[PDB]
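Quick heads-up: it's one chain on its own, the form deposited without this ligand, in structure tokens.
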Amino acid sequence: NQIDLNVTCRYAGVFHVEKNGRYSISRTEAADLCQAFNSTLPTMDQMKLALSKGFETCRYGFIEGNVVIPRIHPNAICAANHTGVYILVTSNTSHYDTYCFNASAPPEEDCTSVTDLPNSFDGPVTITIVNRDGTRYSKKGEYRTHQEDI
């Protein structure tokens, strides 16, 4: 009973989280996941500021209201070569990664590891934070508050 959470650097408090390295987070689960990081789904304005500080990914994820990919450099296989906060318009499906926003993070690029899941609750799941440099932090708990997500 195990979940990997792959996390990025924070940029103006905004970071990306993948569950088990595959698109697998619902909108409800996304909010709960950010809450476990003492974070919220970013607003568009928060994401735009993060982008301006150097944030980009090649993965769709929830923010408040939309599913997006922040892009700095044009890449043909990431958001069809777009730059800026690319907004997903048309999709059949409901499960993505998520972005999260931590107000207490540093104001610009913070490429240190994440070493805590401070607001996880009691539960049976081994949850492992996996940093891009491979650094891991594990704890037993839960973060999902909606039954349909478990």
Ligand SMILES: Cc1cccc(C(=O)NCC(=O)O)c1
The other form holds:
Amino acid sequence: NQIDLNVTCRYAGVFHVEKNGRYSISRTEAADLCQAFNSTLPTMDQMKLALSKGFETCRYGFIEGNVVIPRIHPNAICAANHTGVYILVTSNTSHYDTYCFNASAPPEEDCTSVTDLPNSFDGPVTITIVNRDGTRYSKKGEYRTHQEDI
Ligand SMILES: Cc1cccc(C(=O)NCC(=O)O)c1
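Provide the structure of the form solved in complex with this ligand, given the form deposited without this ligand shown above.
In what comes next, the whole complex appears, and the chain from above leads the way.
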């Protein structure tokens, strides 16, 4: 009973979370997951400010109201070579990664590791936060409040 959460640097408090190495998060699960990091789904304005501080990924993830990819450098295989906050328009499917916003994070680029899941609740799952540098933090608990996500 294990969940891996790969996380990035934070940029103006915004970061990306990929669950179990695949697109696997629903919109309801994403809100609950960010809540476990004392965070919320970013607004489009919060995401645009994060982009301006250096944030880019090559993965679709939820923000409030849309599914996006923040892009700085044009790359043919990331958001069809677009720059800026690329908004997904047409898709058949509902599962993606998520972005989260922590208002207590530093204002600009914070590439230190994440070493806690401060607001997870009691539960049976071994949840492991995996940083890009490989460092890991694990705790037994749960964050999903909707039975359909479990
Ligand atoms: C768990 C998490 C995710 C992203 C960012 C942070 C963070 O810098 N918090 C500072 C604080 O709580 O005072 C924590």
